[PDB]
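S.K.: Spelled out from the first residue to the last, the chains are:
Protein chains: 2
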Amino acid sequence: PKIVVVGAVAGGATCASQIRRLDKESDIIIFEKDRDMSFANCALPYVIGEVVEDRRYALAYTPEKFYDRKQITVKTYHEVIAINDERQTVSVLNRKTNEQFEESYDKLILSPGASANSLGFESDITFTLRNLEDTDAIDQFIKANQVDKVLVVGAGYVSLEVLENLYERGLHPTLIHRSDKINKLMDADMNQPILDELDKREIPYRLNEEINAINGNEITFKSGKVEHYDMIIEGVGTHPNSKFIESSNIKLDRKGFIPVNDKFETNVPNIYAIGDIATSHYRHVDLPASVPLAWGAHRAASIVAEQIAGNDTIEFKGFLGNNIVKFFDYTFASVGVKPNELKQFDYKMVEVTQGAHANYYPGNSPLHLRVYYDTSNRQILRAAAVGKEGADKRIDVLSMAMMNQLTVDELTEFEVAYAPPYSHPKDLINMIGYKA
Amino acid sequence: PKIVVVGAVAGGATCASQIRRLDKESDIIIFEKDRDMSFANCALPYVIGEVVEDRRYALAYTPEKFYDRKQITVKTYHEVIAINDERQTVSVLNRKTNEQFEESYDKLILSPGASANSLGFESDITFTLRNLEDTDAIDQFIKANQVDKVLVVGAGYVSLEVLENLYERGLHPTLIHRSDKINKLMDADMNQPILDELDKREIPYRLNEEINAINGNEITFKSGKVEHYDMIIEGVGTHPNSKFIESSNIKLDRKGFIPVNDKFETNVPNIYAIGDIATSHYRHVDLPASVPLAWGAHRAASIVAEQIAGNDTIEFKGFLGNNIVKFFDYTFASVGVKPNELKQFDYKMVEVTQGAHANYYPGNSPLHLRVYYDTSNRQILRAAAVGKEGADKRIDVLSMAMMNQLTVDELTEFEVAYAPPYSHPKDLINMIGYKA
Ligand SMILES: *[C@@H](CCNC(=O)CCNC(=O)[C@H](O)C(C)(C)COP(=O)(O)OP(=O)(O)OC[C@H]1O[C@@H](n2cnc3c(N)ncnc32)[C@H](O)[C@@H]1OP(=O)(O)O)CC(=O)OCC
Ligand SMILES: *[C@H](CCNC(=O)CCNC(=O)[C@H](O)C(C)(C)COP(=O)(O)OP(=O)(O)OC[C@H]1O[C@@H](n2cnc3c(N)ncnc32)[C@H](O)[C@@H]1OP(=O)(O)O)CC(=O)OCC
Ligand SMILES: Cc1cc2nc3c(=O)[nH]c(=O)nc-3n(C[C@H](O)[C@H](O)[C@H](O)COP(=O)(O)OP(=O)(O)OC[C@H]3O[C@@H](n4cnc5c(N)ncnc54)[C@H](O)[C@@H]3O)c2cc1C
Ligand SMILES: Cc1cc2nc3c(=O)[nH]c(=O)nc-3n(C[C@H](O)[C@H](O)[C@H](O)COP(=O)(O)OP(=O)(O)OC[C@H]3O[C@@H](n4cnc5c(N)ncnc54)[C@H](O)[C@@H]3O)c2cc1C
Ligand SMILES: [Cl-]
Ligand SMILES: [Mg+2]
Ligand SMILES: [Mg+2]
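Protein chains in written order, with the deposited numbering: chain B, 2 to 437; chain A, 2 to 437.
Bound-form chain B, shown alone:
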């Protein structure tokens, strides 16, 4: 089949590449509206921080290389502007010529992802971070204006990694967020170490704070405070790239996302949707779910590859919502339903704080583990973990537990790999089951 793919990054490039693994005959074409394919989205703050300085780590492929290795045609600077599903084509604007044309398909795979929100000020010094063009522009602005003070707006994982990397590059960032509900995938009371990591390093922040006006480098805030910055990086959420889909027969939800079944099929035959654009359901509870993260784009890429050119009995079973962020010395990680989704069950909380490993062993640090569970069937609903060490391990295990519909009580039976550098003969996880 002729396969057309919209978006040439996490969902899109990966999915094309998986299809090629199974099917060597079909013509595959990818339209990417911007300059680069398969940039490393998650590496971007580390590029800013000058932690990652080799471009080969920023960009996995170019169109020419992708064609030479995989025989996939990738057209950068090509924006898909409508889906003509009845005729089976897409209308595509070549942004270099401003010429538009139709491309036909047997299968269409939508992986357009999300775009960053802007705050809306007319400003030369304000940037958002979503792709590698952004990254290059922030790098260049910094060098050209010898940037010292940067204002970081927003408090999700992207803002946090950017803040940290700016600091490590040797700039002086300040963090503002419009409310006190920072890092909101994490339990609100378990986020305090973000604030302490800021204070320890004397990195200024103000919560319940917003930019009110901008006049060159003079920034006025809603607290009334007035300050000079050389740069602003705005991480205030994202919106789905689905405007171009609205005129088609593809069902969109009222937030502009694409509901799909366990095959990543849309309501329209032959059209798939994957990545941040796509919503599905939870694996362990009967609720809808959207998990705009990297594992999901990759896993769906694999399933859709199967659906099309391999084993169509392979189906998605739903999301767990496993996520994680590093911020300075601390790790923040959770899986399961979001905090606000908890209200939908009759639930209970158990928690424990302990050394990640043996106390006598050098370089310990308390690790806080929290698990919520359904009171009517004892099933794990959500877990959260924060600590300088071993949060990732605990949440990866609870992720596998949830996968298998485990009860909180059965956590006493988890057989841990024990030695002093690694955990405890009764691990925090076992302790969760005992304390339940």
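Honestly, the hints are just simulated from the structure, not real lab data. C-beta atoms are modelled at their ideal positions from N, C-alpha and C, and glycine is treated no differently. Check each hint, because a few of them may be wrong.
Where chain B lies over chain A, by a calculated footprint (3+ residues, C-beta under 8 Å) [said to hold, decoys possible]:
id	segment
1	316-326
2	388-402
3	409-418
Since chain B is already given, all that's left is putting chain A with the ligands on it; use the hints.
M.R.: Using the frame of chain B, we list chain A with the ligands on its own:
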């Protein structure tokens, strides 16, 4: 009921402690043959190495604190020398006065553990490591004799930690082992980094090497080498402390261990056995297992407490054999059947080797993950991981997967927590399922 517990460390003190939590009225007494209760066996190599420096860290309790805190009577230097199971008493030698007496019980918990094998030489410079007494003596001997060259005999995990600690303390160990099966819970080819860590450090070692004769500080070896050593630490295996048991009606297997059922009951009513002395079966396959490790001591302890004083439907489901050792910069972890037990299955092997986390993120190292599965049912029999980073995590998750009978093909569905410091969007674990 009146509860007598034999042995006051990982199984014994724990189990006593767990009973008291459920049960306030019963008289509990523990007899310990040696000087100290509740010492930290696993801390001891780190006490030798002075990585731990304050013995408060190596001793969780004293009889007086245990009695004030939990009202459990502990008698140290009191050796149980026989079980009179028909009358329900034990005979106990007071080692300080050399006088014996009998102690009646309604419930007898045996957690006597294992003792170190000796090579049997008459030698003032030879020590084994098994409790705090042994640690103090080794420590004292090093100081008293200005110990420089140390011969470390044996290559199990204990001997390995001891060797590393002697090194880090500033001494000069040499390692020998009677065969080349070093660190036997790990796949032999995966143990090579042990040998690279030694080589890199110029710590000498010789495998398939034995001691022939000791003449003062002059050691003669099987190979013909004759060397001078200031000290010898011998880790040549252990044997079960079951001699005091032979005259009773308790069933002993031919090696000295006690077969127990899923309640940790012996063939004799009212007598339980836990810790290293007890043998059970695996959880994922129908085979006998004995896993003489801490997790199993503590887990049995809790199960016996519930049996006696709590919810008696709580039972053991079997071992997985999860285990782990740090040696210098590397981790060696494994879980499932042992290497030799693989022969009892029709099996295949899959393996990945990739960075622990994002290649572009600093301090990356290659992590080797191997998974065995049963060809007849696709079920995971055994997993093993080696790398400076990330091994503990993978093996924990795999253990959680095996606990649930999960197949190798379902590892593709494992939702990892992904950010560049922690893993990949398609984790090593996921890669196992795709490569299978
Ligand atoms: C490994 C060598 C192998 N391990 C050992 O040799 C271990 C030696 N261990 C012992 O002697 C006993 O393990 C202890 C140290 C005396 C502890 O017994 P215990 O587990 O009953 O612990 P507690 O001191 O009573 O409790 C401390 C924290 O755990 C909570 N807890 C225990 N059990 C609980 C149940 N069933 N439900 C809820 N909570 C429970 C306690 O409440 C206590 O809480 P807190 O928050 O800290 O006040 C090397 C090595 O293992 O050596 C080092 C272990
Ligand atoms: C953020 C999350 C952003 N996520 C992203 O993914 C950023 C952009 N990613 C991409 O554009 C694509 O995902 C790639 C990396 C360009 C496509 O890679 P792929 O997954 O199709 O695998 P290949 O590039 O073909 O690499 C081959 C190595 O993996 C083995 N492999 C892949 N698929 C396999 C299946 N299905 N079965 C068995 N083996 C499979 C290959 O054999 C191949 O192995 P080899 O050892 O090299 O021979 C931040 C971030 O994540 O950015 C960075 C990711
Ligand atoms: C800075 C940053 C850090 C991140 N860190 C992490 C992390 O640590 N862990 C994690 O799990 N996830 C992380 N993510 C998110 C992760 O990168 C996304 O979840 C993933 O890339 C989503 O894949 P996608 O293909 O749906 O979206 P993207 O990879 O964003 O790709 C969508 C592409 O489609 C193109 N496109 C959109 N509309 C059109 C059109 N009409 N025509 C042609 N092309 C179009 C866009 O230009 C874009 O390139 C991070 C994201 C960013 C921005
Ligand atoms: C140096 C060292 C490092 C270790 N590291 C690890 C590790 O990293 N991870 C891990 O999982 N496991 C480790 N272990 C083993 C772990 O300690 C055992 O699996 C666990 O202690 C078993 O508990 P137990 O109660 O059966 O044996 P023990 O804890 O050894 O307790 C047995 C006690 O009973 C007493 N006793 C025996 N016979 C009698 C009698 N007749 N009367 C009275 N008292 C008696 C003994 O004196 C002994 O004090 C290590 C062990 C050692 C020695
Ligand atoms: Cl640069
Ligand atoms: Mg029309
Ligand atoms: Mg008799």
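S.K.: Look at each hint and say if it fits the structure.
M.R.: Here's how the hints hold up against the structure:
no.: 1; hint: 316-326; verdict: holds (count 7)
no.: 2; hint: 388-402; verdict: holds (count 8)
no.: 3; hint: 409-418; verdict: holds (count 6)
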